[PDB]
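Engineer: For reference, the chains in residue letters:
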Amino acid sequence: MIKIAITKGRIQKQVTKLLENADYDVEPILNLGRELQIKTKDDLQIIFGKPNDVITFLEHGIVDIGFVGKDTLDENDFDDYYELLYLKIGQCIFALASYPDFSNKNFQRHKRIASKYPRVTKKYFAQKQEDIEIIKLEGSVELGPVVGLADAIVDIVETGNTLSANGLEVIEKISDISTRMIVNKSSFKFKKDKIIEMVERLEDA
Amino acid sequence: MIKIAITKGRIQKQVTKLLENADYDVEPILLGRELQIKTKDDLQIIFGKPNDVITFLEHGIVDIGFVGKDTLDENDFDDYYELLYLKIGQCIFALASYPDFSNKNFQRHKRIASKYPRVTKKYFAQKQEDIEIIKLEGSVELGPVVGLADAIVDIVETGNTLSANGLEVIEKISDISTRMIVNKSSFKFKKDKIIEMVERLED
Amino acid sequence: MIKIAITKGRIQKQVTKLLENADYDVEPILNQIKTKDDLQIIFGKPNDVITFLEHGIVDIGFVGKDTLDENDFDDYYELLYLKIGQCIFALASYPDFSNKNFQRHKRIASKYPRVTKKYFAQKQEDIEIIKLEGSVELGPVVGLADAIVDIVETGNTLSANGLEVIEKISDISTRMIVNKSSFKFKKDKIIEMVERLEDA
Amino acid sequence: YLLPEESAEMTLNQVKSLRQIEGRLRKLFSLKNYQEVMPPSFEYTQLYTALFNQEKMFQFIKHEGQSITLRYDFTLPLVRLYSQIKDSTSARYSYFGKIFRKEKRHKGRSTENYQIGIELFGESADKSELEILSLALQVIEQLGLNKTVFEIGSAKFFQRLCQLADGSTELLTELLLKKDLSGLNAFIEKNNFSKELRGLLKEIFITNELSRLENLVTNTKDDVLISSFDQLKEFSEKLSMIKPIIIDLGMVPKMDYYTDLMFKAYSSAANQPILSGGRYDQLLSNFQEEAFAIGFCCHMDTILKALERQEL
Amino acid sequence: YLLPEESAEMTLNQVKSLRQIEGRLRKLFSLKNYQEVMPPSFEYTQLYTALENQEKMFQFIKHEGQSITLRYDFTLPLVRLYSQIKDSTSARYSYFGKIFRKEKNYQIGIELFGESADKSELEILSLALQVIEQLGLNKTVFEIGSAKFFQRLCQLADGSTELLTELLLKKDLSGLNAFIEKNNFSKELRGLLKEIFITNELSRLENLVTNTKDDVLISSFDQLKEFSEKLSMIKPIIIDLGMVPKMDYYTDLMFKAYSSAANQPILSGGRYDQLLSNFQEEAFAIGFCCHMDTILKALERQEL
Amino acid sequence: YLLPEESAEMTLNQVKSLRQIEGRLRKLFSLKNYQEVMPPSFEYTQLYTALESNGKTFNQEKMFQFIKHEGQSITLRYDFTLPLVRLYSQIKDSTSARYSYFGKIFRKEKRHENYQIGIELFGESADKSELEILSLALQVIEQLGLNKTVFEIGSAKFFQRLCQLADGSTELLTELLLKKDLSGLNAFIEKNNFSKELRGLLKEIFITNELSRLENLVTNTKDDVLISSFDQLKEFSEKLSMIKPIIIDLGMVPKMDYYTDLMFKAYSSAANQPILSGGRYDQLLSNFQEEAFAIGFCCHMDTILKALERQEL
Amino acid sequence: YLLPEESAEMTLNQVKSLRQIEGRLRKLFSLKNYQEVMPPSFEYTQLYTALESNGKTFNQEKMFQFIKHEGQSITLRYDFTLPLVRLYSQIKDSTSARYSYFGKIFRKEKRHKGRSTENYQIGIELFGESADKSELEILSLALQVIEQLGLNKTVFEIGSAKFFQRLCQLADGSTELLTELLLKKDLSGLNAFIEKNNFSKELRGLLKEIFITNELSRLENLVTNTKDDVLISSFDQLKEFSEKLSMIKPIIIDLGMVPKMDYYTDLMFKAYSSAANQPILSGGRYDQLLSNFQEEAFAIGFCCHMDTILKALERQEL
Ligand SMILES: O=P(O)(O)OC[C@H]1O[C@H](OP(=O)(O)OP(=O)(O)O)[C@H](O)[C@@H]1O
Ligand SMILES: O=P(O)(O)OC[C@H]1O[C@H](OP(=O)(O)OP(=O)(O)O)[C@H](O)[C@@H]1O
Ligand SMILES: O=P(O)(O)OC[C@H]1O[C@H](OP(=O)(O)OP(=O)(O)O)[C@H](O)[C@@H]1O
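Sequence lines, in order, name chains R, Y, X, G, C, E and U.
Residues 1 to 205 (the numbering used here) make up the first sequence, in order.
Residues 1001 to 1203 (the numbering used here) make up the second sequence, in order.
Residues 2001 to 2200 (the numbering used here) make up the third sequence, in order.
Residues 3001 to 3312 (the numbering used here) make up the fourth sequence, in order.
Residues 4001 to 4304 (the numbering used here) make up the fifth sequence, in order.
Residues 5001 to 5313 (the numbering used here) make up the sixth sequence, in order.
Residues 6001 to 6318 (the numbering used here) make up the seventh sequence, in order.
Honestly, the hints are just simulated from the structure, not real lab data.
Even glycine gets a Cβ: it sits at the ideal position worked out from N, Cα and C.
Do not take every clue at face value.
[To be verified] Here are the simulated SDA-like pairs of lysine to any residue, each with C-alpha atoms no more than 20 Å apart in a straight line:
| # | chain 1 | residue 1 | chain 2 | residue 2 |
| --- | --- | --- | --- | --- |
| 1 | Y | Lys1038 | R | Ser140 |
| 2 | X | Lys2111 | X | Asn2156 |
| 3 | R | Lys185 | G | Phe3150 |
[Claimed, not checked] Anything over 12 Å on all C-beta distances counts as not near chain E; from chain U, calculated:
| # | residue |
| --- | --- |
| 4 | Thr6057 |
| 5 | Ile6067 |
| 6 | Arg6166 |
| 7 | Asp6186 |
| 8 | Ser6242 |
| 9 | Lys6249 |
In isolation and in its complexed conformation, chain R is listed as follows:
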């Protein structure tokens, strides 16, 4: 059968939803809590977990199909998979936020940026030709520039309600973010049928 992994966050909703409009035995709502693995009438042994954990699972072939956000697929160093479908839903994006007087200010030392995605921050400051100091934050990256920790930040801006509320504005859009459907290569080699079937269906809705 087809084993799929989904990220517990909002993304879970997006998928459960899209699965519904594709007509599936979407039943994650009923055994919602303490249960981590579930079976459907369409032969789908689904598992849930944080994004990086979804990818881990997919990497080790614990599951054939995984639904995670581009934001994580760019950050996570993993690369051995297939990004078949791409349900353009969330309007999230990677951006470089900071205080308004940012671009107007001349810095002497190197610009220290705070971020939950150091690899994207790094990658982005490379094409722009600028070596910088990356401070990792697992929580609310807005604090970096507030407390004095960092000059600017690299985070995902959806509505922009978080930045403005702190007196922060976008300096430059990095890239568009969105939920993707990644597939284990080997799984696609032999269970190519079903995987495609589902891809074609999930696309229909």
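Add chains Y, X, G, C, E and U with the ligands to chain R, keeping to what the hints say.
Structural biologist: Here is chains Y, X, G, C, E and U with the ligands on its own, set in the frame of chain R:
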């Protein structure tokens, strides 16, 4: 003044609690969306995730910081003082797995999943046994359930999460608990206040 | 048979001589040979005799301790040791040497940099070694160096230049080196010759 | 005490089992007249960087003060060894060892990669490609893996495909590698691609059914594409008796220097390919002259891994 | 182009010949119940410390920032691997690979841990002698020596081990005389010293030893004598009392075999319990190693 | 363009600034009769790993090394004191030496050059020396130009004695003091049968320098060694008060295992690390020559400069 | 006890004296507005190997290198100019820059010889300033530094790469050879050279001479006779410098000077001490370098070889 950072988690409760019993100005609205605040006792407090609480203390953003031993043992940072230690949480690091664990004699290498790679590694070191560490940011119990790993290294408080999956502790690793860490520099100069609060919180 | 190599220098005589005092068909007819005792002998410069022995081109090789000490080769046996001659490594210099106390490290000229180094090591004193292949006495003469480390036999070369031994480094003499593997198997003959060459 | 992440540890059984396969394979290779060669452990880094990334290879400094690197690749040294033979005859090499390359920790990645492969230089073009594909297939039958597939593709086809697609190889490449269906659609959208070319692109990404592809190809009416496809079709029919071959037109040449034929064999119990090979004359002309170079490689680490995940 | 001074290139024939021997030896070992192990290629520089120089080993830094080294030795990893066993039983390991070092290396060996004292020594001595007969070398010698004998030799030499060691290594006969001069050693001890340097004739040595009126030395020579007798039928054994322990941690028995066609030894081994003590407890550790390079070089220099 | 994580880059201003302080210090030093010496850039690894520590195995992992033509292990200047201690052994006349140095060492850092300025003093009278160095160290600090600073002094004899008295658990206590692990100390004390006095002291040295407060606690122990060691420090606190208030840290952990007794460090409020660390270490001289009085400090320019910047803001 | 061989050891005195000169030069440089900069101790070898000059100055065999964590090849400061040139590129303001440096470079030299491995240099760079103004300002400074050094008998030599280059092309484009010839002043090879070719009387007369004389009047003529604009032009630029700086110190013009570096733009110069075998100061203009990074600008400067200068200061007193 004294700048303190606390971990948003359960620890946030223990601290705000302890501060209370210490006669310190609790502003409980701290159910209040700002990130930075101030008290009547000259305590500019900040909150966030452990690994971040530590990051703030490392860069001198705050003098005192309250985080858990579980994070202090894993986080590679070392440059701080662990003055006070409110022994509250009954958490502990352990090695959980299926009952038939110790009885099985595999010819392969037992791969353990865990949310703390460094503690899993460090522990399996003193025990003489190279292993494969699979990192899981959440619900590490799956590791053995889906077949990802043979056993795991996580924190066990009540054990209601392992039994509910058919997992049992194999060996206790070490005791865990919320600690009061202080930035060294802050301690050479604000050595007074830091101590003052340390003696009080000790009750 | 047994393959021997001898240094062309003054040592060749000591050897051809000793071989005589113990009976072996001496053949000073050259200008590679064989003897009646099965001794394919070869001649060449010390560093070359050693090189031959190293590559097992020969089993026994007769060289001077002076070269053996300088040469970085170590994989051989020093069985016999005909104590003939009286050469000695020494540290020569102008008399006013030890009395002068400069403000830096001294420079020594030598034909044997390794020995010169090794000696000045046990004496606790980092120095600048300047190599000379010919007459090392010029070192201090021309102003190139402060002192020298060379082989002093009679001392007729230093005095004639106004130099004097400042200290004896070590005793020098012709030695009989043998290739290890050769000794492992041809151990009889090699030992037989050792015991004979020893009676003199 | 313990061991470092940089080192892999095989169990006795894993050794017994690897060594077993080597035996069978050794007998197989020697029967086809393939002489084994053991390449030096160290190479001048200049040889590797010159065709990669120095960041994947373990290196350090030698006495004279140069940059030497641990065996990172098997094909090169052997290619070299073939250049040193001025005898314009065919050469059949084979190698049983490991290469050293760096990987990310705590993901379960390995640094010591045991491989077993063969190379073939100088032999006839048409004969070489066939002999290799044959051996490759035979080797796989000795491994002892239950469910396996053998995929073959053409780089010229790929390359042609690229030029036909407004020559934007940099992108299509990425598209095929991730099988980015949605990214492909968008790609087609932006430039006025032709029905035939479009219907193809969409298809090669997700299917290997001969019949289906056959038509799509001939419909493009491109000599190169139909040509490339037929070569492949042929191999499909010639080796069909041994093992059902699979044609991947959506195959992306692993190495930038692949001449044309390229292939890889997967296991249902392995995420990475157990065997990958192809022809790469280009390598040879980086020493000697133009000759036919083709040879595969068996990834033992992967193969063994599959053998275990297989029994369970 | 060219190749690093560190990279050695074997010729097809060398490989064919190397792979043949392995084949013969693999069959031999598996029959004696020796299991082959493949030690990691990388190790923590901190482990290669038990042998008592980092200048002979290839090393670099890892991601985390540590000192890793290419397999510099085979015995340790296997000894380690034996420690990782809480089951107190004997182990028979074999290894077929190479080590990485610098000077101016494919080895094939076996280790034996935990087996009985006397039985172990004999089993390895046998095995070392059976391997040599699978090699294909025409003229070879199998030497055995005793570290205890060596050590006891030194202490009796006014305990100036640092010097005698240097003397025995160079068979510096004149230096020994001088050495005997400065320290008026008893006729016996002197008589022995001069000889051990240049002869293995059992009858000759036997006497010189029993004359030393030393329990330790005579005891040690006897252990070797015995060996000489029990293995004589297999291959004439040679006792070298002038043998200098290759490793500072050899327990007592130590041996090496040489070909007339190769300067270095083709096989060297011995008992070194000391190593086991670095991890686990005290047990009997012993095993030899074949220097394939040398063995193949000897095979070639042999045919001509 | 692009540079390594191994190399540090000073800005024109930083160098200007660095070179400024040197000027002032050079003037100071030359005034106190301290000759500058420039240690070689290469050293034989055998010298470092060897002298640095003992009983254990020093670390070659922090030092840049490689091999030479002849085949030996050479290391880039890892330390300044040693080569100068050496330079002093090579002297014949048994007289006092006053060396100084202005350069950098080369060590690897595991997550992120190290420019130092220091002075060594070998041979001079015991008493006179300690006093001379502590003055000088204090004088240096006043030329640096940092606003808020503290000068700390301690005694390894006090620390060492403290450890023995504490059931000789030096391996542990050291670790406690280092982390100021108060709860760990409590637990430590609990498991043992120590006195009230010893206990009362332990708890205190960990968190205070108030002279009065400590003085008693020490005298209460009735230990000749601890009261002795403390007085010596108290004396320094009095003699040097007029210059700059001296702080006594009884909970100071000797940086080097070879420190004799007196040891000190000075910090800046704008600096996490110490801007000046020194002490007496006769032991080192032993590695070569006979027993003599060796004492000196070292200014960590990098930190000092960093302190100067993070200060202006 | 004993330190490696590839490590030089300065004597207290040597340090005191070296540290004196620095003081003097430091005061001088700061007065002329040169800001001191300290280049990193380790550089990515890729930066140093990208160069090949008119001789032997950029081979990976003279530099000490090793592997970093990520595993790349880093090297010890091998040269001061580059890093200062790089620094100048990282500027976002198109203004002149006046850099100075006081450190050492690490390169390998054979064993057992007075050859030093640790080379302490003091020099300055000048980027962006006006063309002529530049050349004059540097040449002046270079003369001023020599006056502060304290050496008794010194000579200051200047030359032209264009003159050299041009000369080469007139010599049947045989630069690979003429160069070797000029470097060894191989008089017997030059004669042979001239024999094999059909060089004009003038050109032949010039070659023969430039190898062995700097008497202005003598060269002046030989040059104008070639009737070559380039050669006369380049030569007049040097003459002009000879005249403008004559009051400070008698300049010498060496037309047989071979460009140390293959990238030298035009002006090149070096000064020698009667007490040293190597030059105490060398420099010239090399716009080319600035090209590898930022746009075309006027780059020029010199460097003082302190080891030699100190060596000369000792061999001088005796
Ligand atoms: O642009 P917006 O629509 O406002 O959304 C973006 C915000 O959401 C995420 O916060 P996270 O989930 O990490 O919670 P936190 O901000 O409370 O840490 C992210 O870190 C941004 O802060
Ligand atoms: O009460 P206990 O038995 O100590 O269980 C608590 C667990 O919850 C947390 O993990 P996570 O946030 O991933 O939630 P989980 O319980 O779903 O694993 C924590 O890391 C423990 O693993
Ligand atoms: O017997 P003495 O008077 O003490 O002389 C001894 C010196 O003479 C020889 O060298 P020589 O001067 O012949 O130079 P060479 O080595 O170049 O032949 C010999 O190598 C000593 O250096």
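Engineer: Evaluate each hint against the coordinates.
Structural biologist: Hint check:
1. Y:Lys1038 - R:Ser140: 19 Å, holds
2. X:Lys2111 - X:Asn2156: OK: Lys2111 of chain X and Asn2156 of chain X at ~18 Å, within 20 Å.
3. R:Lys185 - G:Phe3150: It holds: about 15 Å lies between the C-alpha atoms, which stays within 20 Å.
4. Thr6057: 20 Å, holds
5. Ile6067: 10 Å, violated
6. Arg6166: 34 Å, holds
7. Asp6186: 32 Å, holds
8. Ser6242: 35 Å, holds
9. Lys6249: 29 Å, holds
In terms of the numbered hints stated before, the structure departs from hint 5 and from no other.
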